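Visitor: Let the sequences and hints guide you as you build the complete structure.
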Amino acid sequence: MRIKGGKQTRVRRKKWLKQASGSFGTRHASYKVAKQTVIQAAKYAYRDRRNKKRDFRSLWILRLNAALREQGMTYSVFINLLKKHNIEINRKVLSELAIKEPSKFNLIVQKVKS
Amino acid sequence: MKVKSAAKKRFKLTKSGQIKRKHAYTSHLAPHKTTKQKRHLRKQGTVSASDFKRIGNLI
Amino acid sequence: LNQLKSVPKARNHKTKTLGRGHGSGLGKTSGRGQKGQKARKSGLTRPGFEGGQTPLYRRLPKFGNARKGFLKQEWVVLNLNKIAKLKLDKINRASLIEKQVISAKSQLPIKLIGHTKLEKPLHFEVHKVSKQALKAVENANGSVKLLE
Amino acid sequence: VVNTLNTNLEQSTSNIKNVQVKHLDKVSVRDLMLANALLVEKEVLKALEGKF
RNA sequence: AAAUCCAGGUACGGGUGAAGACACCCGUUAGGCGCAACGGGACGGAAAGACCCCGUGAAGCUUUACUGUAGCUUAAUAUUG
RNA sequence: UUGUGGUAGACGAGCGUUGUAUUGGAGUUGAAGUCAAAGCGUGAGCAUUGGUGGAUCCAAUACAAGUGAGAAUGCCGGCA
RNA sequence: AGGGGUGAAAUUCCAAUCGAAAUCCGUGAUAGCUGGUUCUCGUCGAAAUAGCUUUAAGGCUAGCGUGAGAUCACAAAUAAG
RNA sequence: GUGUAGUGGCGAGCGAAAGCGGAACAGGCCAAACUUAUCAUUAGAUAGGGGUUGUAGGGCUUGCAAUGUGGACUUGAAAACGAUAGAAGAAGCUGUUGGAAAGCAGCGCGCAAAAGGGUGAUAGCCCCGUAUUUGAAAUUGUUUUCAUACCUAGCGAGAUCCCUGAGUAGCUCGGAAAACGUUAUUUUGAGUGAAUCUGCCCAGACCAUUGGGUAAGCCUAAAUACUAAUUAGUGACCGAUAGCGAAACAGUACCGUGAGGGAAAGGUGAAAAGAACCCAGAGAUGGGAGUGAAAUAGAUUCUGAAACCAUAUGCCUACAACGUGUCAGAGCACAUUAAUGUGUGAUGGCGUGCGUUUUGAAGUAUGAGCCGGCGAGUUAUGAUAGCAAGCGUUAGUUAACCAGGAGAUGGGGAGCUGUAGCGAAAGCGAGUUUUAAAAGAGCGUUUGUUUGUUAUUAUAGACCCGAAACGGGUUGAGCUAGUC
RNA sequence: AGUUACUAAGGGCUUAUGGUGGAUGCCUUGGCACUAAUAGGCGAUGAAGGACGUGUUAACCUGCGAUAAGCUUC
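Chains as they are written, first to last, in UniProt numbering: chain A, 1 to 114; chain B, 1 to 59; chain C, 3 to 150; chain D, 160 to 211.
Please keep in mind that the hints were generated in silico from the structure rather than gathered at the bench. Just so it is clear, CB atoms sit at the ideal spot from N, CA and C, and this is done for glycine as well. Be aware that one or more of the hints could be misleading.
Unchecked claim - DSSO-like mimics (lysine-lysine), calculated; alpha carbons at most 27 Å apart, straight line:
id, chain 1, residue 1, chain 2, residue 2
1, C, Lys-43, B, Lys-53
2, D, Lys-201, D, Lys-185
3, A, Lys-83, A, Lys-53
4, B, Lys-15, C, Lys-70
5, A, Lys-4, C, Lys-18
6, C, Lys-84, B, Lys-15
7, B, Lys-20, C, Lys-70
8, C, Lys-40, C, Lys-18
9, C, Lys-30, A, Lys-4
10, D, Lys-185, C, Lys-7
11, C, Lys-107, C, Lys-130
12, B, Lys-4, B, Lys-15
13, B, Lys-33, B, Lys-43
14, B, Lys-15, C, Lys-130
15, A, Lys-43, C, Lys-30
16, C, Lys-30, A, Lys-14
17, B, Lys-4, C, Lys-40
18, C, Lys-64, B, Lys-22
19, B, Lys-53, C, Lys-64
What the hints assert, rightly or not - Label-pair ranges, simulated between beta-carbon atoms:
id, chain 1, residue 1, chain 2, residue 2, range
20, B, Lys-20, A, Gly-5, 52 to 62 Å
21, C, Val-9, A, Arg-12, 23 to 33 Å
22, C, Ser-26, D, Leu-198, 52 to 62 Å
23, A, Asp-48, C, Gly-25, 42 to 52 Å
24, A, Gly-5, C, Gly-45, 29 to 39 Å
25, D, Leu-207, C, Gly-45, 54 to 64 Å
26, C, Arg-22, D, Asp-184, 44 to 54 Å
27, A, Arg-12, D, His-182, 48 to 58 Å
28, A, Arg-47, B, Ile-59, 51 to 61 Å
29, A, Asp-55, C, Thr-19, 42 to 52 Å
30, A, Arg-47, C, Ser-32, 30 to 40 Å
31, D, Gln-170, C, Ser-108, 49 to 59 Å
As the list claims (entries may be wrong) - Some chain C residues flagged as far from chain B (calculated, every beta-carbon gap over 10 Å):
id, residue
32, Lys-43
33, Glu-76
34, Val-131
Guide: Structure below.
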């Protein structure tokens, strides 16, 4: 018996087309170009799911160091004071949120100087 | 499928799976060899495992 | 059972379909590699064809046949080992056509053979015997008649 | 399951698809378990004993 | 109306790298979109290449290359003393 | 506890398509298809609803395959 | 009228193509060489070495994977002397 | 039997004859001694009878025993079976939905027919028809029965008197079927050339012996291969890029002078009720109206997906160096397969396509315009190995074929595997071969079989697509060249 | 310098609509393969295959054949 592949091809092609939306030119009409765009976007997102956390960590370091320089103490000295003695388990991101609430990070500053 | 007669003539089977053969240089022009070679090549012989696999599917 | 749940005891193997799967399942052209005669159509070189060197069957001498046009004047052998375990006595052709041991539409010569002491008295009728078989059958007071 | 194939069963029971008649030497395992309900005449019950 | 056409919104210098980059890295410069000319490039378009080399490939031709054979020639034999 | 980069390959485990044999079920109170939708999936896939359709399909088990399309300087039909 | 014709003879023509026409069949001609070979998740995971070969893009055996089985400290690696 | 005996650059590859099991199963007729007539019986020719063969027979001369039996066989009649038109052939209402009931629910009925088809949606009882019973003027086919035919008949006694197939077989040189690539066997192009059955040859050279059938003349149904066609049916075959090339007004249009090649193109609706009529425009046409359950049912006529072309809701862009996205991220618009919502994305972080073949590819390597459809690892037979089952400790097991729903299954042990091997073989045997030597060494020291599936593979085009060519048959001198 | 009303000649994204194009799905007046039988040739009394012609019904197809979409017998 001759067997056709009608529904399965259409359903898979429509699903793959639906998987991407918001492309430029004829990158959302053809199945082939849509698959290419999905592959590239997925690989880029795979690398991003690590590069974003790297960049966010760098940004947190930058924004902590900004206030640290404003107070007059270098970032390395502050981390040494946190590590060498006065043991504290404080994420480098949490300290940033303490800067948006005044008198908290200032309290940490007045504490670490002991 | 058709067992080659050229292979059926020079290979006789043996129980448990094996073949027997006569060595070369035995019954031909070889006066330039020692008597040790002559009486060593007289005895029957067998093939290697690789050649056994090669011949087994052909027979 | 009924014809809605019939399933055997886990006997359904897997096949190698070489037409689907670019990187999934099996290879795109499995058992063939790439850039080769074994991969091209009408390949599968001859089993005895090693290609370059002289074939093994041509490098060795041949065993002749001292009986041109003959295999042997075949006669049926009768081992003393297995017959003892079989419940029979006074063995002739008609005895051996009973338990489907010899042909019932043709006749061939019979030769007794083997060496094993008997515990039940039996008498044999064959054309050829053996010395060890002779002493084995004489131990159990058996008899055999030389039949032409 | 009849042994003599009388005309009483041959003439009738040829209209209903669900049920039908068959001789002993013609039945099959697929046909046997396709029934889910069977009637057997006692006459064959000795013969089936002999042949297993 | 056409060949072609992986889609593209399609600058340059230096270096770089499958060894000569519209995209790579570093600098430079540049409103969006047409018009009419000009061929610098996009190793452009046009044909699985005819200054080759492998195919234990084809084709045609040649001679003291092999094996033949048409035809020519000689002998025995039959028609036929 | 060891682990879980990976072609060609080796092996294992599965989906889906058409039809067939029981087995039930759905169907002019609107099935197949189709589009859309801000679902379920470890995967092919599976769903729910809304517009178009006016006649057949779905489920649990095996069976048999012209069975699963991105290239083939491809083929057809249509359109830049 | 094609292992042919015609040729003031260039390999010129023989229905736009002629170093041998076109057409049908043998003929799914052969093709160590091109290109392509489509469902999906899991475990392991190599080579480009040797020998032989009218062999050099090829083909075999061995070395080098994988699956099943066996080897129980005599076995193979990791250390020191 | 068997992939056996063998055959072959002893390579590729080729491959029987026996026997057995089976399907069916009948053997007869001329010439040739003699004999009869007519040929001036010098006839040698035309006819007549007999004789049809080897457990040799026939012919010559005498004897009985019987009109036996068969046909493949001449013509009439009868019987039966049919075939080419046929006929008869049962059983339902009510209600709801719905345009339409035939569905769906309540109560029914027939059924040797609840095979099929059509009927305003999915009918055992609406219809045709289906089981069953049955029918033939004529043309015919088959078998059986009788008679008409044709031909057709068993056993002897004497006796070597005669006959039993001529350019005939072998022989020599060259050719062909036999598995053999030419050897017994058969055939023949050329030369050679006997026997009268007592003899001739056969048994893979050849003679002797042993046994067999009698060569040089003819015919013969039966099992067997096929299907254009008729009739019926069936199909785990196609359902309009498939399947015959042609679902149709296809071998058509067309291509080329010809031979030849060669397509594509089905669907309104329950029924045309196919749009009366009005309006706008010289007109097709469209909008209303009309029929219809429905004009996304309108003759471009089932559904109309994607590439493609425009339209509109909202958002965004005119200092912008970009494999066009990804992650955060402002405003705006809204509010949803009820979700820590979606769409738009001014900005920042990051940045080199997809298969291919390649040591190495974003490439200045190639392939792709896109979308849609079609479009490449099977089957037959045999082998080996794995997985699982039946079976059994003298096993397992069927092939063809007969029986039957173009069904398993029963009947079918023919044969095959293993049950003892060693050796080239004779031959021997738990031993065998080499052997002076049972030394030593090599091989044995019984330990299964048919299946279903999977993997590879042997022959068949054997994963898919792609040559320049070869040979065989055809058609071309109208173009051109030559000749008349 | 800059926030920033109005900007879109045009284009981009999502959504919805219309046309183009007939994929998909339904069935089909037909195709192929076989089973059971029959039958396995026609023909100089003119074949098969064709040309031509025959209409109230043009034209095509079909049937037919100076008796022309047919005639006679049973």
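Visitor: Sort out which numbered hints this structure fails and list those numbers smallest first.
Guide: 23
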